[PDB]
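Every protein chain except one is present and positioned as in the full complex.
Naming follows writing order (A, B and C), and every chain is counted from residue 1.
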Amino acid sequence: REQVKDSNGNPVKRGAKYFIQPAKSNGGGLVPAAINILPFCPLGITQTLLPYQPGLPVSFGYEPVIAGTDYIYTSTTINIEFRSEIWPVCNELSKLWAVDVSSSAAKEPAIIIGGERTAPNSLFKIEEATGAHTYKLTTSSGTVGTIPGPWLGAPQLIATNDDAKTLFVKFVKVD
Amino acid sequence: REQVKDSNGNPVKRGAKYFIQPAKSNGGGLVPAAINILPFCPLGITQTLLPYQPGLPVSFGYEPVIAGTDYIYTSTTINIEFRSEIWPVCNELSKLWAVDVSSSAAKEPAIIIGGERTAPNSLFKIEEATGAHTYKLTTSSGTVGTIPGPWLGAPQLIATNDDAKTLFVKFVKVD
Amino acid sequence: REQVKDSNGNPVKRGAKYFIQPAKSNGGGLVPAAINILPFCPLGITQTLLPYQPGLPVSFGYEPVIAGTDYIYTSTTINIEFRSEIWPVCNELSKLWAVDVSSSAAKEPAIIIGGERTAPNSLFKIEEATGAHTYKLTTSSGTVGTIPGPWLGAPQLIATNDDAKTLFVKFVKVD
Partner (left out) sequence: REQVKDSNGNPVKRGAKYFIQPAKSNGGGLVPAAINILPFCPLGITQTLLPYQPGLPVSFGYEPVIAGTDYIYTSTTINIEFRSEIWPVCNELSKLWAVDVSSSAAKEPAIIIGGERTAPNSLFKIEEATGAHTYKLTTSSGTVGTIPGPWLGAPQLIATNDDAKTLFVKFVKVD
């Protein structure tokens, strides 16, 4: 396991703010977005198609434990949380990424917003991918990938074990 | 072929306005509704969950042809069009029901709003079912049925060969 | 004070279901609708422009008191409440009509959905208007009238003391 690095080569700091930006793409960062109409909670996660939109920042925290370091390592379980002062819907749910485990979850389940910090579906690992400062995210339900989503076909995050669907990302420090 | 009858026993007249109401249901009539987020045209068709809502009016017209008669007969191809002065979106498409034949069409294709009068996918038949006063609609892609749709699970219309999904309806003359 | 009558001449029953339908109009009954974008709660009340839409039913209950009668009388304070099994937004607020008394209320304040049963802003009286089975509604902030609202200019309910803005209605028993 190695220090995960941001897009400028510096190791990623626990609790600090990063945009997640899909490598080698015309569109922008990852953002919350409704994936169902009504009810529209929990929200899904999509890549915006808009080129200079950087994403909504997130920060990473270890779970469990790791009373050692202010730095994020690969292959080690974290929670991923959106960081926003404003959050005008879905307020009874958290901002933690989580894999949909509801009774309507799809065979490749959507990644939603609203996990509980300790529940197994909220745990991710960051792993090295082939590509400088390029990574992938995994979960116990599969690797994070995409399919075309409901907003003009923008990529929507799901968990999948189809290798051709993996989402490759880099982490861009919020400055 | 028999004369199709409205919910008061009278023959259904070509060009007059009817609500299409699902038989044996605590919900209301059939209404346009978005089935996709963006783009949201073409519109789909959904049964409203609200009990007192009668649906949006439609009318029926022979296609092709038929100049013998004022009435609508079973087993005979017609167009079905919503009738509404107010139509604030998807103005580039008609108000004619049609089966989705677009490149993204599901295996059980949605019934969408926007057909061309002579197009094959715009032709329906009315057929008798058991009782009442009760009918079904058929197209060359299958019988009109429903699945749970994006508006709190409200039934959404589709063309299907699954007999368990048949939507049984009555036609309520508009005042 | 007199028994208020429905559109079919029968006195109005406490707790029973009625559509409120503006007299002498091309459009339909009164319905909840968002009057602001975000936040969209509390909901406003508009007249739908769609001709055969009857409104969302309401029922009237005395407040205070009146331990006497199953019948609604003029000039006597009631609450007005929307009656719907389904209510998919604004759930932390009631379905009682009320006059907006928030810090952003307009000089002619909107009628909103969400009053508290005993608060003074949730109290209405039904009064006779010139017209058979025609009434108006009043509140301590003024008579219920309309202005053009945000949905294609559909009439939105407000409280006003401008006599030219009064909304004249009839009560149509839900059958």
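One rule holds for everything that comes next: a contact is a pair of C-beta atoms (placed from the backbone, for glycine too) under 8 Å apart; a residue touches a chain by one contact, two chains touch by 3 or more.
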Interface partners of the hidden chain - shown chains only, full complex considered: A, B, C
Candidate in contact with the missing chain, chosen from A:57, A:109, A:145 or A:150: A:57
Sole residue of C:36, C:76 or C:84 that reaches the chain not shown, by the stated touch rule: C:36
Interface residues of chain C (partner: the chain not displayed): 34, 36-39, 150-152
Residues of chain B (touch criterion as defined above) contacting the omitted chain: 38-39, 88
Touching residues (missing chain, whole complex) on chain A: 19, 49-54, 56-57, 84-86, 88, 152, 174
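Going forward, only the chains that are shown with their structure count from here on.
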Homomeric contact chain A-chain B: same or different residue positions, threshold half: same
Inter-copy rotation, chain A to chain C, in degrees (Cα atoms; steps of 5): 180
Separation of chain B from chain C, taking each centre as the mean of its C-alpha atoms, in whole Å: 34
Cα-centroid distance, chain A relative to chain C, in whole angstrom: 46
Gap in Å, rounded to a whole number, between the CA centres of chain B and chain A: 42
Residues of chain B touching at least two other chains: 152
